[PDB]
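As a plain string of letters, each chain reads:
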Amino acid sequence: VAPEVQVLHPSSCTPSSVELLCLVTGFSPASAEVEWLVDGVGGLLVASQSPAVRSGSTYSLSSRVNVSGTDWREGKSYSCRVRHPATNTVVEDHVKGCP
Amino acid sequence: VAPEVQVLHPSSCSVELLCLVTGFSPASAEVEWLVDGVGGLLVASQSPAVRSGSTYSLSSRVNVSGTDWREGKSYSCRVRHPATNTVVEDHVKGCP
Amino acid sequence: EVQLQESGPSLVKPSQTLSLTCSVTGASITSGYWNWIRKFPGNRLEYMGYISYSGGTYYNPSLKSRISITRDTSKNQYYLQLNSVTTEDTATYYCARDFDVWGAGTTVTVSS
Amino acid sequence: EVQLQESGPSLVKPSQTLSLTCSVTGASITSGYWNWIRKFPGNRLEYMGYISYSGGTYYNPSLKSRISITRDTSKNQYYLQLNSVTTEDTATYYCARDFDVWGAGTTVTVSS
Amino acid sequence: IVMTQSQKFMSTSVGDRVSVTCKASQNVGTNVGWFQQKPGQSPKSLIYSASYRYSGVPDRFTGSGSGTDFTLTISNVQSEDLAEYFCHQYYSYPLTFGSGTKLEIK
Amino acid sequence: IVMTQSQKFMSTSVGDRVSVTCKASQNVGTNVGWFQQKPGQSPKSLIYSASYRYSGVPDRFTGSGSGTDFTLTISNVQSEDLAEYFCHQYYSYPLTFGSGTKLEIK
Ligand SMILES: *[C@@H]1O[C@H](CO)[C@@H](O)[C@H](O)[C@H]1NC(C)=O
Ligand SMILES: *[C@@H]1O[C@H](CO)[C@@H](O)[C@H](O)[C@H]1NC(C)=O
Numbered sequence: 233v234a235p236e237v238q239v240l241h242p243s244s245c246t247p248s252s253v254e255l256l257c258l259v260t261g262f263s264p265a266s267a268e269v270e271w272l273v274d275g276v277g278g279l280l281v282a283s284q285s286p287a288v289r290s291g292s293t294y295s296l297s298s299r300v301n302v303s304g305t306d307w308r309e310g311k312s313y314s315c316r317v318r319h320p321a322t323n324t325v326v327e328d329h330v331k332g333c334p
Numbered sequence: 233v234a235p236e237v238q239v240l241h242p243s244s245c252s253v254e255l256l257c258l259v260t261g262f263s264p265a266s267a268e269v270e271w272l273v274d275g276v277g278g279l280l281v282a283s284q285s286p287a288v289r290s291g292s293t294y295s296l297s298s299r300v301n302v303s304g305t306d307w308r309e310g311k312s313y314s315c316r317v318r319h320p321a322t323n324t325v326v327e328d329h330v331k332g333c334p
Numbered sequence: 001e002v003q004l005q006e007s008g009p011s012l013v014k015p016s017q018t019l020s021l022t023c024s025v026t027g028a029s030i035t036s037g038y039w040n041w042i043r044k045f046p047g048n049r050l051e052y053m054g055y056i057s058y059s063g064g065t066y067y068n069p070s071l072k074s075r076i077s078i079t080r081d082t083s084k085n086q087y088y089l090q091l092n093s094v095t096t097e098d099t100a101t102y103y104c105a106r107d115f116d117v118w119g120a121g122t123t124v125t126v127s128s
Numbered sequence: 001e002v003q004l005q006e007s008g009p011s012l013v014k015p016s017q018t019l020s021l022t023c024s025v026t027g028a029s030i035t036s037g038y039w040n041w042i043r044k045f046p047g048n049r050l051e052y053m054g055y056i057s058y059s063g064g065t066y067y068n069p070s071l072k074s075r076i077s078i079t080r081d082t083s084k085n086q087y088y089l090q091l092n093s094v095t096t097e098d099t100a101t102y103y104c105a106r107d115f116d117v118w119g120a121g122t123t124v125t126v127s128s
Numbered sequence: 002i003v004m005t006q007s008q009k010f011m012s013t014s015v016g017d018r019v020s021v022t023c024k025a026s027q028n029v036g037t038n039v040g041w042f043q044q045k046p047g048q049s050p051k052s053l054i055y056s057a065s066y067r068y069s070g071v072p074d075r076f077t078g079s080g083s084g085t086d087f088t089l090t091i092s093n094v095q096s097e098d099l100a101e102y103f104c105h106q107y108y109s114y115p116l117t118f119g120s121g122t123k124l125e126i127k
Numbered sequence: 002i003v004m005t006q007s008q009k010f011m012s013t014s015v016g017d018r019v020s021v022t023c024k025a026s027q028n029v036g037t038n039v040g041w042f043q044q045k046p047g048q049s050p051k052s053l054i055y056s057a065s066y067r068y069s070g071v072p074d075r076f077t078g079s080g083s084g085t086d087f088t089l090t091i092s093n094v095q096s097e098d099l100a101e102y103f104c105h106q107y108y109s114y115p116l117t118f119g120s121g122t123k124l125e126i127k
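Residue numbers (PDB author numbering), protein chains in the order written: chain A, 233 to 248, 252 to 334; chain D, 233 to 245, 252 to 334; chain B, 1 to 9, 11 to 30, 35 to 59, 63 to 72, 74 to 107, 115 to 128; chain H, 1 to 9, 11 to 30, 35 to 59, 63 to 72, 74 to 107, 115 to 128; chain C, 2 to 29, 36 to 57, 65 to 72, 74 to 80, 83 to 109, 114 to 127; chain L, 2 to 29, 36 to 57, 65 to 72, 74 to 80, 83 to 109, 114 to 127.
The shape of chain A in the complex, shown without the other chains:
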């Protein structure tokens, strides 16, 4: 019942806000929360949240953050860290641009 996380990059080739979407699926009896980090540093990114849509056995949800268009292709590493209080398990995903 631990979460699975995948982060997708909805952006065109042209440089310069660019959205970044974190999808969390197959998780949370009870609940879990999502934190966004830049190069391992939290507190810099605030993503829009969505309510849980339940299948009845589990649920999925996602969050999306507006990352500045001048950071992509500069080598910055972005990540989505999903932590589930129940089961005491934390999972994360990591994305990068292409300089």
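Keep in mind that the hints were calculated from the coordinates and are not lab data.
Check each hint, because a few of them may be wrong.
Taking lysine to any residue and the SDA-like style, the derived pairs with C-alpha atoms no more than 25 Å apart in a straight line are [to be verified]:
hint, chain 1, residue 1, chain 2, residue 2
1, D, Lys-331, A, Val-288
2, C, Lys-9, B, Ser-24
3, B, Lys-84, D, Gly-277
4, B, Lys-44, C, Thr-117
5, D, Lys-331, C, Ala-57
6, L, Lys-123, H, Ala-28
7, L, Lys-45, H, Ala-120
8, D, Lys-311, C, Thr-117
9, C, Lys-51, B, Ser-24
10, A, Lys-311, L, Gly-36
11, A, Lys-311, H, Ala-28
12, A, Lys-331, D, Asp-328
13, C, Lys-51, B, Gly-27
Put chains D, B, H, C and L with the ligands on the given structure of chain A with help from the hints.
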């Protein structure tokens, strides 16, 4: 309600294209994948609908060649809707 | 590289069943969407109908009841049947893939 | 900013309440994912606490019903209480924010 | 659904940039494409979506999207560019086409 | 989680490469990081992410290894880095730290 379709990909320099479609007021639709505007060339794994009470949204995942991506070939996800009799689509240009 | 070729009678009598068959030269009738469109001499076109690769059709209400569209299987062909024709139905008929390749077209005269 | 300043009693008795505080300067405590860890006189160390941005907490096994880690939103301060010190808890305590910012630490000696 | 193409027999000289437009009562959005019909040949689907090129389509012919009044410009007209052009709706399963335009090389 | 170092201390001359092998029981994926002990200074973290670099970190070292066996490999050791390196694992939330490996000048 006409469906709303968006296509996202992992990027990070085959690459999966995940087409997320929601907003099906009668809960019935089908999805076609196209390359450079021509359909029938790609086969995606089609997931069942989540059957959310708000709308029976669903998604599909396709593996598209890394070379075509590097060459700048665009891909699109087109959703056909037989009950509302409409077509919606989204386009991924990628980056040469 | 995937062509369509129209085939059918050149003339049909009034109030006589008219049937045309699309011959598909490539790809497969099991992928994408296929249709029937016709052009009238006065530089105007109308869409007559839609064929799903999985089976099932959609028709333009302006062709209601008289129009019957079906699909073959192993022969990669589709056909359009009209059970009522008049002189205003003389037109060039085209087979096409939705939003992609069009055939050359054929002209059908409705007259004695 | 990244300035985490440790403060505590320095010396306590075996039965007295041990209480330590961390002053966190930079970002906000409300950002969450703040922890409390300790390093023993040897080179082993262990995790001993978490505070969420929501106010929820987590306690490490073997310190059950003792840690009672608490935060003060207006002060931007966090603090630990272990009830009786028990004389074994002589490790250097550190304020680390989930591997992002390690601050100053300090030991507390237990003797009588 | 409806279409309006109030243009006929437009002329262009070699090298000129010549445009064609189409309007509709519906806003449509990025749900159009265009045809090129040359007499004696099967028509080709030439413009994909609001503005794109189907594989094999030359770059000299560039479209422009809108929510009304969709357009196309043929840059650097050379030869064998005279055809009837049509505006094609994608918005709904019922389709409509305009009456099209004819191009002259004078 | 159970973590251990394969060697409590190591020594290497300036300019050469050093490495630390971190072993653990269970399977923690890639949810690891590295930590630089600085005696007399507040200790500081590195490779905060899962085997990926952290802001500011010198380019001499990036994360490596997976599952059960992780390594630190710092090439071209320079200045004052003769201290303990700790391996941290956060896969299971009752977070476990291993012992550090001390680097000596020779
Ligand atoms: C990003 O900013 C644009 C600005 O118009 C806004 O439309 C979009 O919804 C924002 N997206 C997110 C995820 O904040
Ligand atoms: C793409 O191919 C890999 C090859 O193993 C497979 O694991 C993955 O599920 C495929 N994804 C899609 C969307 O086809």
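These are the hints, each one checked on the structure:
The hinted pair formed by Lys-331/D and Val-288/A fails the criterion: a straight-line CA distance of about 31 Å is larger than 25 Å. As the CA atoms of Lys-9/C and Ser-24/B are separated by approximately 34 Å, the hinted pair breaks the 25 Å bound. For a cut-off of 25 Å, the pair hint linking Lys-84/B to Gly-277/D stands: about 21 Å separates their Cα positions. About 11 Å separates the Cα atoms of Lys-44/B and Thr-117/C, which keeps this hinted pair within 25 Å; it holds.
Using a Cα cut-off of 25 Å, the hinted pair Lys-331/D and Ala-57/C holds, with the two alpha carbons roughly 14 Å apart. Of the supplied pair hints, the one linking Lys-123/L and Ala-28/H is violated, its CA atoms being roughly 33 Å apart against a limit of 25 Å. For the hint linking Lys-45/L to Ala-120/H, the alpha-carbon distance of about 11 Å falls within 25 Å, and the restraint holds. Simply put, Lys-311/D and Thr-117/C have alpha-carbon atoms about 29 Å apart, too far for the 25 Å limit, and the pair is violated.
About 18 Å separates the Cα atoms of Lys-51/C and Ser-24/B, which keeps this hinted pair within 25 Å; it holds. For the hint pairing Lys-311/A with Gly-36/L, the CA-to-CA distance comes to about 23 Å; that is within 25 Å, so the pair holds. Distance restraint check for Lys-311/A and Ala-28/H: the Cα-Cα separation of roughly 20 Å lies within the 25 Å cut-off, and the hinted pair is therefore satisfied. Distance restraint check for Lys-331/A and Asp-328/D: the Cα-Cα separation of roughly 23 Å lies within the 25 Å cut-off, and the hinted pair is therefore satisfied.
Proximity of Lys-51/C to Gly-27/B is assessed by CA-CA distance (about 17 Å); at most 25 Å being required, the pair is judged to hold.
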